[PDB]
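In structure tokens, the next block holds one chain alone, the form deposited in one PDB entry.
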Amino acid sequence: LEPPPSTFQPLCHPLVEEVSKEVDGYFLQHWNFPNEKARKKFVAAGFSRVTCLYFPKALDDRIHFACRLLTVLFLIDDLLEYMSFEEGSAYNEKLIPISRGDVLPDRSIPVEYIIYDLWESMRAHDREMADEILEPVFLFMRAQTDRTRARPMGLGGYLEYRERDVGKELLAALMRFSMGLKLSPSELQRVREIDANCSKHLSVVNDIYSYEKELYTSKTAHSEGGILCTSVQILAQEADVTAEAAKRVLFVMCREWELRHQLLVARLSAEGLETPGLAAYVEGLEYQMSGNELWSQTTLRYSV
């Protein structure tokens, strides 16, 4: 799969080696892995590396919080594949009061106390910005087990649902937290179209690279939790082509969304509407798109 040309230069946080060591090391002590094979596969995924490619301009003392959060969410995302929608929903709903800090964790259950301690530490660092990540996380969690996954979707309807299931909004709030980048509600409302476009790119690039893993899961895991819900299958069905052909076509559409991101950013500036915070923010989204792609292309999570 030769990626078509992009004008985006991916960038990686300069503390990625140290933070990956710290965070992988934390999860290897605390998380319950079913065996050695799983522990090695965990390290091979490089979950702190994807984080550092997503947020290459995070503050040095904040990048580790983001790595911890995306790491725990990835581990949960995989666990849900062995569950029904109802089981998965119960699992996620238990973590929500714990994430808010309202209910104490059972210390003999690593997902509970990892989540509790992580969000406590985030609020201890920046309460206001940490709090702004909560509802976006919950929105994503609830999307993950939404029964709409077992209903037929066309490309447009899928992308609208996928914006939640991909965690676009939590990733935006986490990006802002990690950079200490505060935006007003007026600034936030102004970039909604830019956010919705960026979401499509993150989602589809992920779908392209994760298709084989998800196909295998769909054949071996739970009939609900493991269900194949991906633009790759949707376009292959709609257009009657192979999944491989669908990927080639979808990658071209991803470059069209890159072009649209540039035009939308230009138009924001050409109207009177770009602020310094908004420029840092839309540039940050660019890094999410290119970093997501660079990680997806290199991670053993998708290639083995």
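Residue numbers count along the first chain shown, from 1. Take the two forms, superpose them, and find the largest set of C-alpha atoms that agree within 1.5 Å; that set is the rigid core. What changes on going to the form deposited in another entry:
A 2 Å or larger CA shift between the two forms, after fitting on the rigid core, occurs at just one of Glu135, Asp77, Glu160, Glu120, namely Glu160. A movement of the C-alpha atom of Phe251 reaching 2 angstroms or beyond is seen between the two forms when the two forms are aligned on their rigid core. With the core held fixed between the two forms, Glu212 has its Cα displaced by at least 2 Å. In a rigid-core overlay of the protein, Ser296 has its C-alpha displaced by at least 2 Å between the two forms.
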Second form
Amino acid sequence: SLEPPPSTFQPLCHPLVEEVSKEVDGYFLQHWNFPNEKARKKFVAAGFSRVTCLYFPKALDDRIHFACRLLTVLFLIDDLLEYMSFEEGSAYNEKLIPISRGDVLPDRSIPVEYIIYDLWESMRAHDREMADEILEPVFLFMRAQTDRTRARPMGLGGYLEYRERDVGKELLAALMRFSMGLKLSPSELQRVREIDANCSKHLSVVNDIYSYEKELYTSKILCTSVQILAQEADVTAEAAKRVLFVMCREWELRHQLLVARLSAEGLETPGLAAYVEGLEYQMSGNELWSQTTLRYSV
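Output the structure of the form deposited in another entry; the preceding block shows the form deposited in one PDB entry.
Lone chain follows.
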């Protein structure tokens, strides 16, 4: 089997995982309309708060639950969207956006509506400025949840450049910033643009590596680095995964080189130091998640 190559990175889980997980899991169990009990247990088995804590292990203790709640509902909606047309799905999320902004009252009789409204009111309550910062990154994601993928010739370079702008990864980095109380300035963000793009790729390719078996097992719009590299080099998908994993390690090193350079230049501010560290854990965390999540299972 695969067997990942050596990495100087390692997965870390948020100290309070057990605590938040119980809290968040409990809240959705009492508020979200799960159909049958079977589903009720699929949810707990999922451990969305445990996923969040794996991604943002360095989050502030009094903010990690916000991140867990946001991702939990987002994972939930993503599941429902699967069973509805691009039309209703798009209509479904557009209704939640003004409600998320808090510009429109929720229909207290619809779980998702008041869970979203309450959640964002809570966030603006704890930190208004930062809460309003993640608004667009979230809307961008939600909207993309229903965008139709365009099939076109794509080599490795083009695919990777495309993944560098993944809205999901952007959501993760912006959310991680909220969870960590890192109020980075426009000049600080631009300073780590390469780091972000680099990180974005690592995350997406690691996902491709463990999601391939399922992507193909879809009575198979196949768009993945595994298939692209396998065809370009003319080797098996397994061989492709191997090569790609080494590339990921090269991106891990590039991450260090860029961070090292950032410091030498005297541009590594206190916040940026915390930020790039966070991204390192997203990379190692996303790797563990990919190897274990049932989402990639068959």
